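Undergrad: One-letter residues, chain by chain:
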Amino acid sequence: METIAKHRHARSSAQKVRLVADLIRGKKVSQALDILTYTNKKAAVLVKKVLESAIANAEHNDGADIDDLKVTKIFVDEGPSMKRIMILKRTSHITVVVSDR
Amino acid sequence: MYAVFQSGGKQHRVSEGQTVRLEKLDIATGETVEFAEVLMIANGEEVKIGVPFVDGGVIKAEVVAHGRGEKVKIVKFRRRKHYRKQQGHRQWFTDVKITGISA
Amino acid sequence: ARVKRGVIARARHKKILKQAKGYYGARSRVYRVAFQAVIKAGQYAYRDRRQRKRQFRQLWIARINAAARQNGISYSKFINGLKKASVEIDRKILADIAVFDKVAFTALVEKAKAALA
Amino acid sequence: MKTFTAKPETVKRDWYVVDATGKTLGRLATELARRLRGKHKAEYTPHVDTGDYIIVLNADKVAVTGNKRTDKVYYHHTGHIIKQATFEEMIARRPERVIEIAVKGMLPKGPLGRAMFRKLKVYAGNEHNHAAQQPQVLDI
Amino acid sequence: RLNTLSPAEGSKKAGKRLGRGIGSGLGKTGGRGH
Amino acid sequence: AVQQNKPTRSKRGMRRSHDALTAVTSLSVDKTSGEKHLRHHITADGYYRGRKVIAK
Amino acid sequence: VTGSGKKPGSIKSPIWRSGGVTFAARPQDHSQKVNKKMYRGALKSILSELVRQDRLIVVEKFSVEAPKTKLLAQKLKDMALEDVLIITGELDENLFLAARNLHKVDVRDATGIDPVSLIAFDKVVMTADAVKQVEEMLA
RNA sequence: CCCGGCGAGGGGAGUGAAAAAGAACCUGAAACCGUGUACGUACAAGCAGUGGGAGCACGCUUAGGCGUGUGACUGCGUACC
RNA sequence: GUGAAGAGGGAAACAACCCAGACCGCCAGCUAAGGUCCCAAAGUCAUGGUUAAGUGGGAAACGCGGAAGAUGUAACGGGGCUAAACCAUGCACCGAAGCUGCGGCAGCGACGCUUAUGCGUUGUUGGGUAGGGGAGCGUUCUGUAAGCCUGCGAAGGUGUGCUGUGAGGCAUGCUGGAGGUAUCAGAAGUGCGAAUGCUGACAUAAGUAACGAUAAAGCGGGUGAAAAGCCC
RNA sequence: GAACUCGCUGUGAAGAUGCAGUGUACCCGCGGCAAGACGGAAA
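Chains as they are written, first to last, in the numbering used here: chain W, 1 to 101; chain F, 1 to 103; chain Z, 1 to 117; chain V, 1 to 140; chain D, 1 to 34; chain Y, 1 to 56; chain S, 1 to 139.
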C-alpha cells in the first residue's frame with residue numbers, strides 16, 4: 001500500500017529539482033521534512049509542498065501512522081516545452097510515492 | 001571406462017550413459033546401429049592399439065531425436081565495393097544414447 | 001494510389017535493432033551507426049569462426065607439448081613416434097586423455113617410446 | 001564434450017626456488033618465463049595463471065656471457081623535454097631490477113602479464129624469508 | 001471455378017525496376033554509368 | 001576553442017557526479033521550546049540559548 | 001502548384017513540404033482495343049467450357065405472368081438456384097421490372113452479353129430463343 | 001471532502017464500461033530525461049566488436065552440468081558514401 | 001602477374017614482395033610460402049666450419065680498415081642469445097579459406113527408366129566492380145468479397161517462441177476498442193542511409209558567457225503565506 | 001559519424017590519439033599557459 005503524488009508542469013529546471021530530490025530519496029519522512037525545509041534551493045519549496053500534499057492525502061484516506069512513513073520512489077522528469085523568440089522554457093513533473101512499509 | 005570412436009569422420013570421446021552429438025545419418029529412429037570402428041578403449045588397463053580398426057570393440061548406438069543446430073547468420077560484405085549479402089544456415093544433428101562398453 | 005512506408009521501415013528498424021544489443025550506447029540506439037555495428041559484428045563473427053579452428057589447434061598443440069615435456073619427450077619426436085606406429089588418434093583425444101587421466105597418457109607415451117625406434 | 005578450462009580457484013600452485021649463480025642469464029630467464037606461464041603443465045590455458053610462484057636468490061653472482069658487462073646498456077626516458085644507467089652500476093646496486101626488467105620483457109604485455117609477474121620474488125641475497133611455505137628448491 | 005484463370009508462363013513479365021537497392025542487380029547510376 | 005566531437009552520456013554523468021548536495025545533519029532541539037532548529041540560528045518562536053529574545 | 005520562384009533553390013520543389021510531385025500522373029483512358037474475333041473466340045471457349053462443366057442450364061422459357069418478386073423467389077427455390085444469371089432475347093416488362101432488387105439474380109439480353117457476368121455467376125439460365133440468338137450472333 | 005496559496009496542481013469518493021477518455025482530453029515506438037531490479041568497473045590504453053570464457057542471480061530438468069541478464073581475462077581486428 | 005573487379009597465410013604493420021583464387025558448416029587431418037628461445041606454434045634437433053666485433057641486426061669502389069642514422073633504445077620488432085648470428089647437408093614438426101574426411105544448399109554437360117519427371121548417378125561450377133540475364137518477398141486499391149475472422153477481440157504498438165538458402169511468414173501475453181481479409185489476376189505516388197535534401201521533436205558544448213553605460217543605495221511599519229526592488 | 005579520445009620508434013594520401021613494437025598512467029572535477037587546434041586568421 002502506497003500513496004502517489006505527482007505535480008505536473010513545474011516551473012523550474014529538471015536538473016536542480018533532481019539535485020534536491022537526490023538528497024531526500026531513501027530518507028525517513030520525519031527527518032526528511034526537517035532537512036529539506038532547511039536548504040538553499042528554491043526548488044525545495046515545490047518538493048516540500050508535494051510531499052506535504054502526499055502525506056496529507058495518505059493520512060486522510062488511509063491510516064496516518066506518521067511516525068512510520070518511508071519514501072520509496074521519487075523522480076523528476078522533463079515536461080512540456082514551448083518554442084518562442086528571445087528559446088524554450090523548461091518544465092518538469094515531480095513524482096513521489098510514499099509507503100508506510 | 002570411456003571410449004573413443006568416430007562415425008561421421010569426427011573423433012568423439014564418449015563415456016557410458018553420455019549423450020553426444022553426431023552428424024546427420026540415414027538411420028531410422030526405431031532401430032539400433034553398430035559402430036564396429038573403434039580406436040581406443042578405456043578401462044582399468046587401457047587397450048593399446050598397434051593398428052587401427054580394432055575388432056575387439058563393439059558399440060551400440062540408438063538415435064533418440066533429430067533436429068538442426070543453432071541458427072547461424074553468415075554475412076559477406078566488402079567495404080566501398082557495394083557488395084553485401086546475408087544468409088541464414090543450420091546443420092542437422094543427431095543424438096545417440098550409448099549403453100555398454102566392450103572390453 | 002499512394003502507399004505509406006511506415007510499416008516496412010518500422011519492421012526493418014525493429015529487426016535490425018533486435019540483433020544490435022549492448023553496443024555501448026549510441027551504436028545500440030541509433031540506426032545510422034547500428035547498421036554499421038551489426039554488419040561489422042557479423043563480419044567479425046565470420047572471420048573469428050574461421051580462425052577458431054586455428055586457435056583451438058594452437059591450444060591443443062600447446063597442451064600436447066606440455067604433456068610431452070612433463071613425460072620427458074619432445075613434442076616433435078612424440079608425434080613422429082605416434083604416426084610411425086600406425087596411430088590415427090586425433091590431437092583432441094590426446095589432449096583429453098592427457099588432461100583427464102595421467103596414467104593413460106603415461107602408458108600411451110611409453111608405448112610410443114617402445115615403438116619409437 | 002567441450003574443451004577443458006582451468007578454474008582459477010582450482011589451480012594448485014607450489015613454490016619453486018632457483019639459483020642464477022653460474023648460469024646463462026638468457027636460458028634461466030627463458031626457463032623462469034616458461035614456468036611462470038604455466039606452459040610446462042599439461043593443464044595449461046592462456047587465460048588464467050596456471051603457473052607456480054618462483055623465487056630467485058643470489059642474483060649478485062649472475063654469470064655474464066661475452067663482453068656484455070660494459071657494451072650492453074639500457075636507456076630509459078622519464079618522459080620529459082633521458083636517464084643514463086650503466087650495466088655495472090645497476091649490477092652493483094640491485095641486480096633484481098634488471099632481472100625484473102628481463103622477466104617483464106619475457107612475459108606478454110598487459111594486465112594479465114602484470115598479474116603473472118606479481119608471482120616473481122627476486123632477492124639479492126641467498127637467504128630468504130619465504131621458507132615458512134616449505135618451498136621446493138629445484139636446481140636448473 | 002469462379003475466378004482462377006492466369007496467364008501462360010512467359011507471356012507476362014514483371015519487368016525491371018532499377019534504382020531499388022542492391023539486391024535487384026542494377027541500383028545505381030541508372031544504368032548509364034558515371 | 002570549438003567542439004569537434006559528440007560527448008556521450010558517460011561524460012555528462014561523470015562531470016555531473018560532483019555537484020551533488022549534502023545534508024547539514026546539524027539540527028538542534030531548543031531546551032525550552034523543544035523544537036528542532038539549526039545551530040547558531042534563531043527559532044521562529046523567538047528563543048535562543050534558553051533565554052528570551054526580541055521574538056517580534 | 002501555386003507558389004513563388006524567388007530564391008530563399010525554389011520553394012516549389014518535389015523534395016520540400018507541400019511540393020509538387022515530379023512524376024505526376026495525368027488523366028488518360030485505360031481502355032484497350034479488343035478485336036471482334038478475339039471476343040468471339042473467348043465467348044466460344046467459355047461457352048464450350050461451361051457445358052462440359054455442367055454449369056449451364058437450358059430451359060424452353062423462363063418467365064412470370066406478373067412482376068411479383070415473391071413468385072420469382074418461389075420459382076428459383078423450386079429450381080434450387082440462388083445465384084444464377086438469366087439470359088433471354090426480347091425484353092419482357094414483367095420480368096425486367098423486377099431484376100435490380102435481387103443482387104444474386106439478374107436478367108440480361110443476348111445483345112449486350114457481358115463475359116465477366118458469365119464467368120462470375122455460378123450458373124446461367126438460357127432460353128429456347130436465346131440459345132439460337134446467341135449462336136447466330138457468334139456464328 | 002482534504003492538502004495546497006480562496007493560485008495552479010494533486011489525492012479520495014462518485015459519474016462514466018473504460019478517467020489506463022479529465023477538457024495540455026482515440027490508439028501512444030523512436031530520438032530525449034529517469035526510477036527499481038541482476039551483473040561489471042576506481043592499475044588500466046586504441047572503430048569499443050567478435051571467438052573462447054571462470055564468475056556472479058533467476059526459470060528449468062522439480063540436480064542430469066539447459067537457457068536467460070553482465071562479462072574478469074586474452075587471440076584477432078584503422079567506421080559509411 | 002596483381003589492384004582495377006579476391007578474402008586468406010608470411011615479411012612488425014603492405015595493392016604492385018613470396019605462397020594461395022574463399023558455396024556454407026563441423027572443438028578433424030595433410031601441405032605451399034614462412035618459422036621451430038620467449039613474446040608466439042613448432043628442434044634451445046643432428047653433422048662439417050667462420051665470427052671476438054653484437055659485423056650479424058644498413059652501407060658501393062678500394063686492401064679487420066674504408067663505414068655517419070636521427071624527438072626516446074629507434075637500421076634484430078624488445079630481450080637476450082658467442083650461438084637463440086651466419087655458410088653447407090640430413091630427418092622432423094608448426095603452418096592459410098590450398099587439398100582431403102563428414103553433413104547440407106543451387107546451377108551446368110552425359111546418359112537407363114521416365115515424359116508436361118524423381119531417381120542411379122557420372123564430372124564440374126558457386127570471389128567479383130561496370131554490365132547483362134534469370135528467379136522471388138513486403139504494401140494500397142479493384143473482381144474474387146452480400147465468402148471468411150472479428151466486442152468470447154481486427155488493425156495499429158509491444159514481448160516471447162517456431163520456421164525459410166531470402167526479402168518474410170506463423171502462434172501467442174499486454175494498452176487498444178473497430179474493422180481486417182484467404183488463394184488467383186490487374187496499376188504503382190511501391191521498399192531509404194547520406195544529395196551543405198525539406199518539415200515536427202530532441203542530445204550536444206552546460207547549468208558554462210552573461211543578466212546591457214561604474215548616478216548608489218538603505219532603515220522601521222503596512223498588504224501579501226512567502227518583501228530589498230509593491231505602498232507608507 | 002561513433003569513441004573505453006596517453007608519449008616515443010617504424011609504416012601510413014608522405015609529421016598517426018585509433019596501424020605494428022615499446023613505455024607511462026587509480027576514477028573524476030576546479031583556476032590559469034595556451035605548446036597541440038589541419039576551426040577563422042597571420043605571405
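Keep in mind that the hints were calculated from the coordinates and are not lab data. Take these hints with a grain of salt, some might be off.
To be verified - No farther apart than 16 Å at their CA atoms in a straight line, the calculated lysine to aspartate or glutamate pairs in the EDC-like style are these:
| hint | chain 1 | residue 1 | chain 2 | residue 2 |
| --- | --- | --- | --- | --- |
| 1 | F | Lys60 | F | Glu34 |
| 2 | F | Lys10 | Z | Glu110 |
| 3 | F | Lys73 | Z | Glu110 |
| 4 | F | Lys71 | F | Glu16 |
| 5 | S | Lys104 | S | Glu136 |
| 6 | V | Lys12 | V | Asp60 |
| 7 | Z | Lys102 | F | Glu46 |
| 8 | Z | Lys111 | F | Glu46 |
| 9 | Y | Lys36 | W | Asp100 |
| 10 | F | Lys48 | Z | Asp48 |
| 11 | F | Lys10 | Z | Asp90 |
| 12 | S | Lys36 | S | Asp106 |
| 13 | Z | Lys102 | F | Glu45 |
| 14 | W | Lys16 | Y | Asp19 |
| 15 | F | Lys48 | Z | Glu110 |
| 16 | Z | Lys111 | F | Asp95 |
| 17 | F | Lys60 | F | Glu16 |
| 18 | F | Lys81 | F | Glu16 |
| 19 | W | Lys27 | W | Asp100 |
| 20 | F | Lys76 | Z | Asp48 |
| 21 | V | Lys39 | V | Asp71 |
| 22 | S | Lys70 | S | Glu60 |
| 23 | Z | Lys92 | V | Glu43 |
| 24 | W | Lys41 | Y | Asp19 |
| 25 | Z | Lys102 | V | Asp49 |
| 26 | V | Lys109 | V | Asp49 |
Undergrad: Take a quick look at whether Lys109 (chain V) and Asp49 (chain V) sit within 16 Å of each other, Cα to Cα.
TA: holds (14 Å)
Undergrad: Is the straight-line distance between the alpha-carbon of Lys36 (chain S) and that of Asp106 (chain S) 16 Å or less?
TA: Outside the cut-off at roughly 26 Å; violated.
Undergrad: Please work out if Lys111 (chain Z) and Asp95 (chain F) have their alpha carbons no farther apart than 16 Å.
TA: Measuring from Cα to Cα gives roughly 34 Å; hence the hint is violated.
Undergrad: Compare the distance between the alpha carbons of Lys71 (chain F) and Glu16 (chain F) with 16 Å, and conclude whether the hinted pair is satisfied.
TA: violated (30 Å)
Undergrad: Does the structure keep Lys102 (chain Z) and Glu46 (chain F) at a Cα separation of 16 Å or less?
TA: Holds, at roughly 12 Å.
Undergrad: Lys36 (chain Y) and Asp100 (chain W) were given as a pair; does the straight-line alpha-carbon distance stay at or below 16 Å?
TA: violated (23 Å)
Undergrad: Under the criterion that the straight-line Cα-Cα distance not exceed 16 Å, is the pair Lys48 (chain F), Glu110 (chain Z) satisfied?
TA: holds (11 Å)
Undergrad: Against the 16 Å threshold, does the CA-CA distance of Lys73 (chain F) and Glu110 (chain Z) hold or violate the hint?
TA: violated (46 Å)
Undergrad: Under the criterion that the straight-line Cα-Cα distance not exceed 16 Å, is the pair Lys10 (chain F), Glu110 (chain Z) satisfied?
TA: Roughly 26 Å separates the two Cα atoms, so the pair is violated.
Undergrad: Can the restraint linking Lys111 (chain Z) and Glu46 (chain F) be considered satisfied, given a maximum Cα separation of 16 Å?
TA: Given that 16 Å is the threshold and the Cα spacing comes to 11 Å, the pair holds.
Undergrad: Given the hint that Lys104 (chain S) pairs with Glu136 (chain S), does the C-alpha gap stay at or below 16 Å?
TA: violated (28 Å)
Undergrad: Just to be careful, I want the Cα atoms of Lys41 (chain W) and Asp19 (chain Y) compared with a cutoff of 16 Å; is the pair within it?
TA: Distance ~13 Å between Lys41 (chain W) and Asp19 (chain Y) Cα, so the pair holds.
Checked against the numbered hints above, the structure violates hints 2, 3, 4, 5, 6, 9, 10, 12, 16, 18, 21, 22 and 25; every other hint is satisfied.
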